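Trainee: Given the sequences, and given the hints that come with them, work out the whole structure.
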Amino acid sequence: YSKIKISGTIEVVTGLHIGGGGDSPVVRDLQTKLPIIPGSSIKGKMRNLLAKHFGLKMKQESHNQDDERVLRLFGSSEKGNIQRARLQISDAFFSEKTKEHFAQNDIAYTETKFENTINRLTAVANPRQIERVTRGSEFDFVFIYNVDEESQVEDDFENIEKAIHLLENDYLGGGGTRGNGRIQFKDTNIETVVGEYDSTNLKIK
Amino acid sequence: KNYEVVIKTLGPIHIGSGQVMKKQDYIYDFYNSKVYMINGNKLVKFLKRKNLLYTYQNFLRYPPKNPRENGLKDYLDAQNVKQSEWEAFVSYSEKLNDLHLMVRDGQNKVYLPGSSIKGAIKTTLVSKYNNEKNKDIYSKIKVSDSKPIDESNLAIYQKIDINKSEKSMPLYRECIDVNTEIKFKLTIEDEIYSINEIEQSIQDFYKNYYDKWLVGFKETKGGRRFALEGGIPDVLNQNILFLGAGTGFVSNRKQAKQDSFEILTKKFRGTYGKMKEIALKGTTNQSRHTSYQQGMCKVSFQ
Amino acid sequence: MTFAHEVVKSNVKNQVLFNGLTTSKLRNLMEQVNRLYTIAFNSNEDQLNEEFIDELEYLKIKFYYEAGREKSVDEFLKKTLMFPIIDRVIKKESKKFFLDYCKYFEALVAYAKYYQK
Amino acid sequence: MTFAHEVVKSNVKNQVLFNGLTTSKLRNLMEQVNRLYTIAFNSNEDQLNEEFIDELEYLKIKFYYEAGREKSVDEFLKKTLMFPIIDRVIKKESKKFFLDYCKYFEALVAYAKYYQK
RNA sequence: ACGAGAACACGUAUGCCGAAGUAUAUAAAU
RNA sequence: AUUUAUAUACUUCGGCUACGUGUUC
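Residue numbers (the entry's author numbering), protein chains in the order written: chain C, 2 to 23, 32 to 214; chain E, 4 to 98, 113 to 268, 277 to 303, 310 to 333; chain I, 14 to 27, 37 to 139; chain K, 14 to 27, 37 to 139.
Where hints are given, some of them may not hold.
Far from chain C, some chain E residues (derived; all Cβ distances over 10 Å) [stated by the list, open to error]:
| no. | residue |
| --- | --- |
| 1 | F62 |
| 2 | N170 |
| 3 | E214 |
From the structure, some residues in chain C lie toward chain I, with a derived Cβ separation under 10 Å [what the hints assert, rightly or not]:
| no. | residue |
| --- | --- |
| 4 | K88 |
| 5 | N90 |
| 6 | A117 |
| 7 | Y118 |
| 8 | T119 |
| 9 | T121 |
| 10 | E140 |
| 11 | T143 |
Keep in mind that the hints were calculated from the coordinates and are not lab data. Beta carbons: idealized from backbone N, C-alpha and C, even for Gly.
Mentor: Shown next, in the form of structure tokens:
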């Protein structure tokens, strides 16, 4: 038995509006009051996209039951079966380098873009204030990989790296079709935290 | 899949941010035709380090009501602030009762929102397919925001009401300069509305726009000045779209007339009710005696 | 404190609002207060920032200038006493009281919005 | 007290609900009451906090402003008499009665939710 | 020299499991 | 320089203290 730590940083390439708490603010901590990316959003995006990238039938589409590797990697355990999630996806925290960068550059922690609602053949406008995490922000994230069966570590990390890649080429959060929610992954480090499993030949882009 | 789209701004482009700059933070130079935005922090810190903050306060706080004495340059000159010093307290410059500002990013660089770019695309798609469930086929079309745009391609422009007889409007809008090249990435989730499909659709919108509305403003000095310079006979083969503000409503004549009357009823009822008993947007450059219409730019896919 | 409600009821004269004041005359006003609202709500300590003091000064600038433009704006800004409360906020350097003033002005805005032609 | 149930039945007119009122028009409303619900349920003593008094005032602010926006909201807020009960809660400084008002409004919300197109 | 006297309702195990705060509608007209 | 000010839909769905064990010598 062992555990494997997947750590890195997420930078934010365009606007980010998770807006889980909602003029319509974003999810923000209450110890230090900076925006965060809820791990639930990370997991939902990753699950939906990696699931759709392989097969997805209408009967598969029915009740959140999907192909065997996702149901292994993220865990379902309803269909009279034994399976727990093998990834522990945590929350993301607006890192310290970003703190100091925006503090000494006097750049806000969030923009506020204004929107409008032009009605057809009526040309009457309906205003809208919305708030989003600024560009260039970086958060730190950690994944914990429990090792349940020795012989599937390699394939599971191949699927994980494909998930990361496909996420890199897709958005995160809300209103992604209007151009906010792009992210990119860097500075990935892999370490064995508990046990006697080797983490050298293992890489993620 | 995914594609990179280039935008080449034929004319002034305006994407309203809702900020109307007031009688402050500018120096309109009559004799040199440049307006100088002023950094708030550096200007006030200069006011404090030279103990001019107090005099500046009573100057601004007592409005002389004299139109020649209701600016910022006169306030600065009354304190005899050096021209070299004044030029340093200028954050950024562009070549004015009010000034409407653009949208800007977290670092105050300007970018094209995904809403406006997609919004004009949606205006085009609705016309081509008469709204063939175009509301549903949004959620599977994705546009990313543009990359930042350096200041060097921003300038002031007056709104001109170009009719058979030209009229000047009182107010000014900031715009992205001519021939600026702009990048953004497109994402396609439905193959049915392919990239060539989008291009042909918006081109067809432009052609219908021409033969409905762009032929009508002929015999006008600026009108024929703009249309020929833009080469709109060849532009019918070119991929053009009006973005954001500054474009007319039209972006049969009887139904158009009735619709315009209703829209103007809803709009100008508070200021000019003359419509109930009854106009093209353009910019004229003093530098070149060349009038451009606000909105159009080339779009190319890859 | 609802004394704003009382003054607004006392300001509905035979109808007009503050003798020619409209909510859109207030555009720049609530925009400035809301902008300051954001920059202050970001802050942590109640001890105000001193560029925040500069920003409050700039807000008073906007007040005196709006009053200069329009007579109804002048009447509104004088009777309901924006001006001493801004002065005491500048004198006090307290954040929570700044938000108290913010809710005050927003109360004025909302009540006037419901109290119109 | 179910007189809310009686008024809601009396408000199903020939069908419409409060003549154009929808539960989503109530979004900001129940959000504010629930937010106050949390901050009050955290408290210990029945003697209300005085920033809690300020928060109740702010709630009344939201009430008039919502009424100002929409006519159906105005009709709803007037007939079912949110407004005197808020006034007496402000006058009484009692927590348990505040939660009584909370379940009152929640009763309205739930009954209306079952009472729809 | 009391139908009394000794006598722990006690010991092992959780609120878990899966779920994206989403999906639409250009800060516009003179 | 003159009108809006977030809008309608959904506001937790599914699946409901087992064993040693009670009594006497």
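Trainee: Give a verdict on every hint.
Mentor: Against the structure, the hints come out as follows:
1. Every CB of chain C lies more than 10 Å from the CB of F62(E), the least distance being 27 Å, so the non-interface label holds.
2. Non-interface call for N170(E) relative to chain C: holds, since the shortest CB-CB distance, roughly 19 Å, exceeds 10 Å.
3. The claim that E214(E) lies off the interface holds: its Cβ sits roughly 18 Å from the closest Cβ of chain C, which is beyond the 10 Å cut-off.
4. For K88(C), the shortest C-beta to C-beta distance to chain I is roughly 47 Å, which exceeds 10 Å, and the interface hint is violated.
5. Taking 10 Å as the C-beta contact cut-off toward chain I, the hint placing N90(C) at the interface is violated, the least distance being around 48 Å.
6. For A117(C), the suggested interface contact is upheld, since its CB lies about 8 Å from the closest CB of chain I, less than 10 Å.
7. Contact between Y118(C) and chain I, as hinted, is supported at the beta carbon level, the nearest pair being about 7 Å apart and thus within 10 Å.
8. About 8 Å separates the beta-carbon of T119(C) from the nearest beta-carbon of chain I, less than 10 Å, and the hint is met.
9. A least Cβ separation of about 7 Å between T121(C) and chain I falls short of the 10 Å threshold, and the interface hint therefore holds.
10. Given hint, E140(C) at the interface with chain I, holds; its Cβ is 9 Å from that chain's nearest Cβ, closer than 10 Å.
11. For the restraint placing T143(C) at the interface with chain I, the shortest Cβ-Cβ distance is roughly 12 Å, beyond the 10 Å limit, so the hint is violated.
The structure shown violates the earlier hints numbered 4, 5 and 11.
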